[PDB]
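Part of the complex only, each chain left as placed.
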Amino acid sequence: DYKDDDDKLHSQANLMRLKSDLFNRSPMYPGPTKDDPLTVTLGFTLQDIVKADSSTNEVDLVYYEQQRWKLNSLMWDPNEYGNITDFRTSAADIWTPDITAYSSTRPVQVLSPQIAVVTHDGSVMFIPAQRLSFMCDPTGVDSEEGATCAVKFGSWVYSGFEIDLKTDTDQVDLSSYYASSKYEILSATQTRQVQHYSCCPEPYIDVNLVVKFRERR
Amino acid sequence: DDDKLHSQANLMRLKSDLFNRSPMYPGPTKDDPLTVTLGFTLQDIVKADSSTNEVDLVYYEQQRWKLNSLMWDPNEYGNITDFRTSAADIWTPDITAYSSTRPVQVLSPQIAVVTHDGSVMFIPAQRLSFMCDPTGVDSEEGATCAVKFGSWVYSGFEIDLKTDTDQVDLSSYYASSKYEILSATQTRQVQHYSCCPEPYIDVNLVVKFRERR
Amino acid sequence: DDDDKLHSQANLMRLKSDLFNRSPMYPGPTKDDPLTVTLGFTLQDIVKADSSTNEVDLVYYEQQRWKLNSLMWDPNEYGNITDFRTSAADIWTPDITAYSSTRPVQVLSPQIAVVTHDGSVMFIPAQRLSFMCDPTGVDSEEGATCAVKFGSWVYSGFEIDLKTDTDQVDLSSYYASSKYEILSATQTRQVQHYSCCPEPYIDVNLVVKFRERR
């Protein structure tokens, strides 16, 4: 109790101590480079197709974007910190990848708190939920065959030389798709793509999110 | 008089002791789990959109939790037993609607009450848009919608939730609302998701309502 | 001539430095040190009355006045400066909130207060507010009636008390070509007990009766 109550205060200063050694000694990660490239794992959880505007060809999605990477600058051994194997931290305190939708028509709106989980192996998990408006012609949404749209996500300023992407599966997580949406999902896939762009030798990597959908009935 | 100046210095010194010569509490952990009490006061169903299945709520969200690191002896500070402070000065939980469709809009001052036993009360007023099919809203039966609230980043082993009651407080509901409320419940739930190893805790808010004639 | 202006600038930089730095920001009112805030509304316009959501949009000026010993000074010690203008963020401001707004209040004017050597502050932000209102009858002769309470969010009547100078809302800047004409507008102090709290809260209740301008 008084024992147990001291364990609590102790655990705190341990975390504060770790958060001090990490977030100062070697400062912020300066981003990846070709010498030390970074692999970012990307995955999508589709919650809702909120709106499909046929007068402007924009469709609004609500989804969670799963992001994972690993950095040696964020390694520590849980034995020098009271067995702290991980912590929560504000996402501003750390480097996060500049993953963007390439055909959005409005700035993304964030729906969850901007907080990541860092693990002692220097791995990071960050899952921002957002609402995205993107370019999409919903022709066919009101037929049996439905409509099909696609939006690519990838780094804005880092090529495949500095940032590699991967998905753990090519199936979009549909386990949280809102059952009463105006639209039913016929299928949703997320697929790693590599292209070259004539100019420049460097490759470009994106995860393409394709979605086929129709009015609910 | 030369009394109000003393009490003022006592408050200033108290806040200063708590925030400036001691770090912010880093949040809960497996070894230092936090229980957060939630209670909802529904003020208005402002709008129901059948074209996109979004409904807009205005409500007050009552949050309470208790930290050892915020405790003090009133006797060491001129008998002060509680004070107001900007929510930015302290740790606050990351309670989120899980089916919102727009960033939540805050309607009240971001200020919390801290009490000498280390308890905190924080009650943000909010407008929320969330996923809801209002089909049936123009019948006698009405429409029923649901929205979960819980931590985004902390499992049940770090943040636990409780309610004091399972009835949503309807005593402030706007009488001339376009919608009347048939019932409104807040219910703690523990659920396992494939994404994560640990059970997560939410409070489910289910509202039955209909067009007011 | 020109030397004078420099001096007074120095005097003002000095007064402000003394007030803001030789003692922190006043921590807010307590049960020991309660504050009375005086409120007056100037109704500029009813902009929108949406009957599909029961929301009415108002534009108004909100006069706020209060007074602190901690903002007092001797003008003789400061080149006879009797008052000054300063940013609302340099000072404590009351957390006065509309209890039935439906969207965050939008600020229309610069956030600047006037402090006076007697310790009194005046701060008049212009605002557009959406709040809960049933405009039914706005096309009738008697018109429509709405009410919205203003008061502190976090301070009870033991810490903050409100007051009006009149129960009459100032309509002298009401936009003469508004869609709506004002039949009456009142602002009245109320002592309210809510079942959520053992302490009474004080609010100013803004009652507006209005109808479509013909």
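A, B and C label the chains in the order they appear, each numbered from 1.
FYI, contacts are C-beta pairs under 8 Å (C-beta built on N, C-alpha and C of every residue); 3 or more make two chains touch, one makes a residue touch a chain.
Number of identical chains making up the complete complex in this structure, 3 of which are shown: 5.
Operating definition for what follows: only the chains that are shown with their structure count from here on.
Chain centres here are Cα means. That of chain B falls 27 Å from that of chain C. In chain A, no residue reaches two or more other chains under the touch definition.
Against chain B, in their complex, chain C makes its touches with residues 24, 26-28, 30, 32-33, 52-55, 69-70, 95, 97, 100-104, 132-134, 136, 153-155, 194-196. Listed in rising order, the residues of chain B touching chain C in the complex are 3-5, 7-8, 11-12, 15, 41, 43-44, 46-47, 58, 80, 83-84, 105-109, 111-113, 123, 125, 127, 169, 171-172, 174, 176-178.
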